[PDB]
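Student: Next come the chains, spelled out residue by residue.
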Amino acid sequence: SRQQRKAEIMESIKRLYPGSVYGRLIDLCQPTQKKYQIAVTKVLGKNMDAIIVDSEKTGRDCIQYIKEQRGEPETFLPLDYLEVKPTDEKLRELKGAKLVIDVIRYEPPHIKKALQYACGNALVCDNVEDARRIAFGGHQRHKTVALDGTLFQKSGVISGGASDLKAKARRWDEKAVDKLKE
Amino acid sequence: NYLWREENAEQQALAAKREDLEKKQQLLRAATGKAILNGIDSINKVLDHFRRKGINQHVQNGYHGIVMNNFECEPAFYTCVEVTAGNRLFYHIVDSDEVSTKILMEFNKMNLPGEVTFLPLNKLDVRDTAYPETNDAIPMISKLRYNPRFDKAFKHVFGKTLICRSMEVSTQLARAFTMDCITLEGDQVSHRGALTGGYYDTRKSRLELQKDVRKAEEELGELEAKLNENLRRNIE
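In order, the protein sequences belong to chains A and B. If you count the first sequence from 1, position 24 lands on 24 in the numbering used here, and the numbers rise without skipping. To convert, count from 1 in the second sequence and add 182; that's the numbering used here.
Careful: at least some of the hints might be erroneous.
Stretch by stretch, here's where chain B covers chain A in the computed footprint (C-beta under 8 Å, at least three residues) [as the list claims (entries may be wrong)]:
1) 81 to 90
2) 97 to 105
Capping the alpha-carbon separation at 20 Å, the derived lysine-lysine pairs in PhoX-like fashion look like this [as the list claims (entries may be wrong)]:
3) A:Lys67 with B:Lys291
4) A:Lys46 with A:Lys112
5) B:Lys305 with A:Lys154
6) B:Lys235 with B:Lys206
7) B:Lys305 with B:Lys325
8) A:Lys67 with A:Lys113
9) B:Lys386 with A:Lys6
10) B:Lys227 with B:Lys284
11) B:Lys305 with B:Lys227
If you are wondering where the hints come from, they were derived from the structure by calculation, not from laboratory data. Cβ atoms here follow ideal geometry from the backbone N, Cα and C, with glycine treated the same way.
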């Protein structure tokens with residue numbers, strides 16, 4: 001059971017550096033509705049399992065403690081060390097969509113920087129045609145995702161891949177099942 | 183009168199070596215993955231059926247294989263070269279988009295399975311990267327022995343990551359120069375500040391299993407040649 005020892009080392013680093021290991025990104029955020037569960041899981045990606053810690057010092061400390069325990073390597077986001085750009089406010093004033101970061105809510109309001117880095121100025125649209133329309137029709141193109149998980153990058157690379165996205169979306173409700181069990 | 187028993191024991195040793203090589207090859211194959219391996223077998227079948235008829239002349243000598251089989255480095259780097267490249271170890275290096283497109287036409291025409299990702303040399307922009315002048319970070323690309331004709335593709339995969347002494351140094355360097363940084367034992371720090379690290383084993387380092395397979399192949403070839411010359415001059 002890899003998840004068991006993963007959560008074991010996770011709780012150990014949670015109790016070692018407690019004012020500075022906020023948690024993973026899944027246990028720290030959830031979307032506004034249930035519809036967007038697919039699209040959010042396509043935009044966050046590996047960042048869903050990224051551990052959110054306060055600064056780079058705690059990052060190296062947790063990494064070396066995982067190495068001492070010979071565990072699975074994990075990904076850390078240091079808030080103070082993270083390179084972000086402020087969320088483009090103009091894109092809230094949009095005809096057919098709003099930003100994916102506005103589609104999710106945090107849990108401690110300090111962690112906003114991490115959700116600026118995992119989302120940026122991504123946008124989410126109801127159907128595929130609307131996503132294509134606001135992504136390519138304006139004079140500035142934007143990274144847009146549809147509700148069914150298809151990703152419209154700025155370069156034009158259409159990304160489809162819902163084979164493993166069903167389980168990644170099922171983790172979102174399985175966390176509620178885990179909360180009701182505990 | 184002592185010859186047949188020594189012959190039998192030498193064949194027992196040869197069979198033990200072949201079983202060892204099958205074990206190590208299956209270890210590499212398990213560390214490779216089912217989709218990548220079936221993709222490699224499928225590219226092999228497409229180019230075999232391609233060269234049976236000799237069509238598309240620059241295409242057949244235009245596929246140069248995977249990234250993993252086009253370089254070799256010192257074993258101390260075997261971890262850190264892997265984790266910053268990842269499954270980019272199994273990208274297919276080809277000259278242009280002509281051969282990629284033709285291979286994929288035959289691919290979905292003959293309906294043969296497997297994942298394949300193509301690196302066409304002709305469409306990788308050579309941004310002349312300027313590497314920092316510190317004593318604290320060696321360029322990773324500098325420690326890779328590869329044919330210079332492929333020099334575009336490796337610059338796409340390794341052309342931004344640096345090897346630093348330890349983690350404090352790499353966190354300063356990566357933020358300072360907008361470059362990826364990674365220590366000798368696998369811990370990374372991105373150019374955006376993303377920390378990634380832990381304990382990387384030597385069991386599933388695919389380059390180390392590759393070198394076990396290659397050394398077993400050289401050993402098996404030496405034993406085969408020696409026993410075959412013994413049998414060639416045992417006919418007299």
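Student: Confirm or reject each hint.
Tutor: Verification of the supplied hints:
1. 81 to 90: holds (count 3)
2. 97 to 105: Contact hint for the region 97 to 105 of chain A vs chain B: violated, 0 residues under 8 Å.
3. A:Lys67 with B:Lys291: 48 Å, violated
4. A:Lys46 with A:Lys112: OK: A:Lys46 and A:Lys112 at ~18 Å, within 20 Å.
5. B:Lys305 with A:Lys154: 18 Å, holds
6. B:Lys235 with B:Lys206: Violated, at about 35 Å.
7. B:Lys305 with B:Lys325: Distance ~24 Å between B:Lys305 and B:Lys325 Cα, so the pair is violated.
8. A:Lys67 with A:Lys113: 27 Å, violated
9. B:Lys386 with A:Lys6: 19 Å, holds
10. B:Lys227 with B:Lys284: 14 Å, holds
11. B:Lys305 with B:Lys227: The hint is violated at about 26 Å.
Going down the numbered hints, you'll see the structure goes against 2, 3, 6, 7, 8, 11, while the others check out.
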